[PDB]
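Student: Whole structure, please, built from the sequences with the hints as guidance.
So you can see what is in the structure, the chains are spelled out below.
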Amino acid sequence: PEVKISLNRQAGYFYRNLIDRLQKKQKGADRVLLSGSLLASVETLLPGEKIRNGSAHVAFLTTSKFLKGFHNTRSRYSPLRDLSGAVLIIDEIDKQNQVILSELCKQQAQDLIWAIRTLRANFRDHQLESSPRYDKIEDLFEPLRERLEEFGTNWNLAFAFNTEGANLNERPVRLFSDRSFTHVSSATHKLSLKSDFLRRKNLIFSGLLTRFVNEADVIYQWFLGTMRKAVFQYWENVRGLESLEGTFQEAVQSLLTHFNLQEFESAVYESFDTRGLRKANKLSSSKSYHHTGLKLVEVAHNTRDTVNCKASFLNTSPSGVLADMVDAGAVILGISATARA
Amino acid sequence: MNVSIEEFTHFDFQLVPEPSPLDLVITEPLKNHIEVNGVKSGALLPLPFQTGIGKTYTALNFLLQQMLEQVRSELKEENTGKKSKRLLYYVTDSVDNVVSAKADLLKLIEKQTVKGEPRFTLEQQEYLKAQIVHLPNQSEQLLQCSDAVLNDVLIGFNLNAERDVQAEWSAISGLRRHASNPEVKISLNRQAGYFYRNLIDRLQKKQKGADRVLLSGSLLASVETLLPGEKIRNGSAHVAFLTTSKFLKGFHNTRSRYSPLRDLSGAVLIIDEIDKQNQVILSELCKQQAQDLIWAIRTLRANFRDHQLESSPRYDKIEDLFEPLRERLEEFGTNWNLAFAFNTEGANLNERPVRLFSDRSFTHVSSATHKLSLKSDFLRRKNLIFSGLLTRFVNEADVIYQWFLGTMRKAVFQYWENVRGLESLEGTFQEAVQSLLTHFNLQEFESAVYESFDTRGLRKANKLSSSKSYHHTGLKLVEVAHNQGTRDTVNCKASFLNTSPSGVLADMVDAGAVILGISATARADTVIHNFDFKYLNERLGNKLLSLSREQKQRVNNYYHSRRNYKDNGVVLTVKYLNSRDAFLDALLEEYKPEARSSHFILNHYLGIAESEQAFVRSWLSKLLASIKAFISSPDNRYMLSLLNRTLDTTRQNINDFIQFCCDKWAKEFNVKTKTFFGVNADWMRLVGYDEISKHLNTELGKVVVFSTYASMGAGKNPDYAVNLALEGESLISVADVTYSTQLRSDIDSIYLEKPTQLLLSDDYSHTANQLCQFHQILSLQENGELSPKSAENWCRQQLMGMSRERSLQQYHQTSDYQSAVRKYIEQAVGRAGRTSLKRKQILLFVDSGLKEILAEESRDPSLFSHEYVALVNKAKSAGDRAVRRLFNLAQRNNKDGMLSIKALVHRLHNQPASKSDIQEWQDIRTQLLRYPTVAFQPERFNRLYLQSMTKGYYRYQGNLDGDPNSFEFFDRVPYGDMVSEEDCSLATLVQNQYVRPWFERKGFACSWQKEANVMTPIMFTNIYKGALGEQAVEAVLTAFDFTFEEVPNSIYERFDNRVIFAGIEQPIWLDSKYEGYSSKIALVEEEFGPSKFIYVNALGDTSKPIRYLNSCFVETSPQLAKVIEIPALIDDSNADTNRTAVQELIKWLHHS
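Chains as they are written, first to last, in the entry's author numbering: chain B, 182 to 387, 400 to 435, 443 to 478, 484 to 507, 510 to 548; chain A, 1 to 387, 400 to 435, 443 to 478, 484 to 903, 909 to 1103, 1113 to 1190.
Hints were generated in silico from the structure; no laboratory data involved.
Cross-link-like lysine-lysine pairs, in silico, PhoX-like; alpha carbons within 25 Å at most:
1) B:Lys185 with A:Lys185
2) B:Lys287 with A:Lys205
3) A:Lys246 with A:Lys129
4) B:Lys517 with A:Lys208
5) A:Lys206 with B:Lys517
6) A:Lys371 with A:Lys813
7) A:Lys898 with A:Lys652
8) B:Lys208 with A:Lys517
Covered, in the sense of this in silico footprint (three residues per stretch, anywhere, with C-beta under 8 Å from a C-beta of chain A), are these stretches of chain B:
9) 292–299
10) 307–320
11) 375–385
Just so it is clear, CB atoms sit at the ideal spot from N, CA and C, and this is done for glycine as well.
Tutor: Here is the structure:
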């Protein structure tokens, strides 16, 4: 039994490596044609390849696999992005609230200070190409560029961040927010944020740190949403130049490369399956926790004089995910004795 | 248990065992070095100790003596408390040698005696043993760790609470029980490496936090067992045994990673098989990760535009280090429009990804047939690479990236300095890098900074007026290809070699390390299989210690006494086996008589292609002749065959034919024979050598071993235990009885095939191999073995995808290949002299192709081994490297000057002429003026001169405006331009009454010293003559109350100097000689307004009339002329001043 645990660790790592090279070969000009025995062998290794080539329409898989997606010979396929017309049979549906929540809670934390500084630095200058591939995409980022410039001017992002109060050094600063009306901080005292132009530092001492963190989170989520919209627009443009999943890989890489934001590649791929599935957080819209989610920020040292804001987000609840799946066009049959507990 | 140092309080540090000649040879050079270079200077001492002479024992005895001296100093320093503990390293490439050396050191500590009594007491021994630590690879380090120790450390640090770490620990722990199986063994090694990496990461994180665990007692012992480097960090051990790869990479302790390269001050470093470390260090240097230059520069340009460091004392003067880099980044981004991404144009660029190679000095090659340009399309907002220059863009980007890394290293040093004063360089280095990167928001470069810091942080520059050499600058290789997943963006994936292994060794010596490289061929005259020792001698000078002739003679005497072949009747037999077609044909016909067509069908059975039949037949004939002559021997029992190819299953037919011939001869001679095919490093390490030893010791008969020159260098010693009952008196001892504690013998017969595969190669990656090949080509060119033309052709072929066969074919044309062949042969035979037991006769079978190579050997044989001396003497009985090397270096020095001078002038003509460039230009001119020739080639201006065959001058033929590769020098140009004192007419120039005082006051050489090193043709023509003219004109005119001012940077180098004269207010410009001219007049006037220009030839005929020329260079009246042309200021026949020219000139200004 112990050999199986080590074998599975080796097998998963190798499977990722073999499929990664297989996808790179297909992406390259020297694509490997698969037919007869080679196609059958590749289909045996990749059940997803049969779904990609239309050999099979029915897929049996777990909720975790369904949310994560499965690889084919060319790229990763995410069912959440192609739910139009797709029937579903969720056994023990009520139990999937916990499973979807568990998947949603595994997302990587983001350093808001680093993310916003990088976004500002790379958006102040870099531009997209004026070819038909980015027709009307540059307009999507114009509001974001202006907001980034304004935010950087207001909060003096030319300076790094640090904590002045002894209480801040002794205890790590945790901030929680549901993004609408529930805000809590571990700091007993209200934490402010001043820019010391003499020391060229932004100092968190006991503007508001809560305000800064909330605005930074808003700008980061805005960047991710604008990236999703830009991918959609890129797909629209490419169609006319003479499918969604393949173009989605092409659209994200090109947009990030043009802006020099390749470091956000990982963050973007996670964002579309969870939030590209889909109201806004305005009083004139349908407010609900289930599609605004929550944010948890942790302020700590990186160095003993520089600080980072590790933010962990829940951008939607399992109910929001299910509702977005239904709205995407999926017909969901949840069979469960307690489906309506 | 803390064995106190007090146990040495009564130890007699004056009492030492009798020093053998090798010990004296080691100690005397070190004694003189301390006198000449002082305590704190490093040194490199290559020790050519022959095999079997006791090299390892001598090195370990020296190490023990150094350890005892450290103990003495510790016993004396306790009063002062300043514990400057010195680290001792024993480094080699093979882990087996590391383990063997450490075991032998412990054995020597245990068993060493002085005057017949134990040197150390039990407690002293236990203390010394604790000072020695072995640092294996992470996987083996974990596997050797017991389960109890790992559980103890996990409990102490509370990591057992984490589910994943416990799961992995268990998953490794059980696999241990089934480790016997091979595949299970490799899987377990992989898992152990991963788990150790993660565990050390977590442990360091735990220790860095405020919850730093307190290590003591059992937990401390367990941690030190898991992390041997911790013992070094806490000062419980200075001696470290480890491999070269581990030494370069560094080893972890409880707190952070420790890189020995950054803490070499005062270290002693014993490198076994030093020459072999050139390949190992190169292999490590070639594994460096590639960088996307476009992404790197865009990220650097963006994050540096705004982000700033804080004004705390931790960054005193650090912000100033980056100010030049910020300005350069802004300028670069503006020039190349880095607001746009990059893309290529044209079908050819899309069809093949582009490759650019550069040695960073004068060797540039691109895979593109056309000159690739780079334009910014502001309409499309792209930077388009279509057929500015892409080469220039890539070179500038690489310069800026390396500048950023160097400035980061400087900033780390400054941060460490500042923190020290705020009240441990490696610990601060981790803190300094993270803070600097976080403040600038450049955390993406953390990996790049760390990897480069140790390798190149040892740190003269890529400039004229500096010690230029490939071993500092290295090389760059750039691939321009589309980004994965995009078809409109492009990335410049650049792979760098920032230094060669010789540069690394020289930097280690300069850092303060004392290096003892023990190797039979430590000073082989090759730059591919050894460090470039010409370069090392230039950079180190006195620090490169060497053995005097007396010391070498003592080593020779000790070797002969320890191996007394002549007295004990051991005889060496050398047979130069030629190729015999009839012999092989008869053997083949006997092998398969059924084949009617003896040649074609039989060679088809062997699988030999029709083209390869001749070569295969020749080398197989030589091999079989050697085997037959060996089996016909009565007493010789052990044959080792060294081939250029390994006889694995892919050659099963030839293996079977060889076995059939061996069986035929065994039956004919009725002697049992055993053959071992495919004897590679892995096979003999695992099983093969055990069975070989069993056969040799237990059964009578002959043994034939087939291996390769590469395999034999990474295997066990070719020696076996001697069974006296079986061998009888056939074995002769060549050493004294007192040394033969165990009866063992080694090969008595050997076959040596000609080495051909003598180019290094890296199987780690395709890029690593490319870097290795380019490094080899550039090393050959730097040494002078290849002319710049040949080096450039070879580099271009390498870029295009050169085949290894063609690479070797081009390598074989260099004498370096012959030196490498001789080195490999000497190492092959040297394995025969390991043991003191020898057969009365030794069989040396060698391919006839090695006759000429060995016949040309000319080194002093005082250090050769007996077998090598036999081979050389036999070859020489049958009846250049420094001249062609001299011709090649002349071309390279000239080529480097031509390209560097052209590049420098180009930069000076960039309108904001940099201060550094102007200073370099003036420095070059001053150097050439003061020292037109030098006795010894200079360290800092080495590329201005070439070593002429004729002292004080030379002949050459070439177009100074054309290809640098077409130049010829010395005898090859009997009739050609002469670079000599007479050609520049310096002797006539100095006869002027005014020039001579000016030159003497300035220190310029009024005559050429008849030295070997003379300025290159490019310098003599472009720089020296112009400098002479300018200086003579300034001297003569300055005598007539003229004053001179430096020309402004904006128009620098376009005019000689600005001259002010009394009564004249309009600017005056001077141009000194010893359509394009019209464009220069417009450029100066449009900015500075009207001015009067002087065009004067320093030397010439005074009888020629003065010509007054207009702005367009057409004769006109003096009042209308803006340019005054003086045909000759000084008479060329009598050196008299042209006073009339001066009077007319003076009148010319006064007309305004």
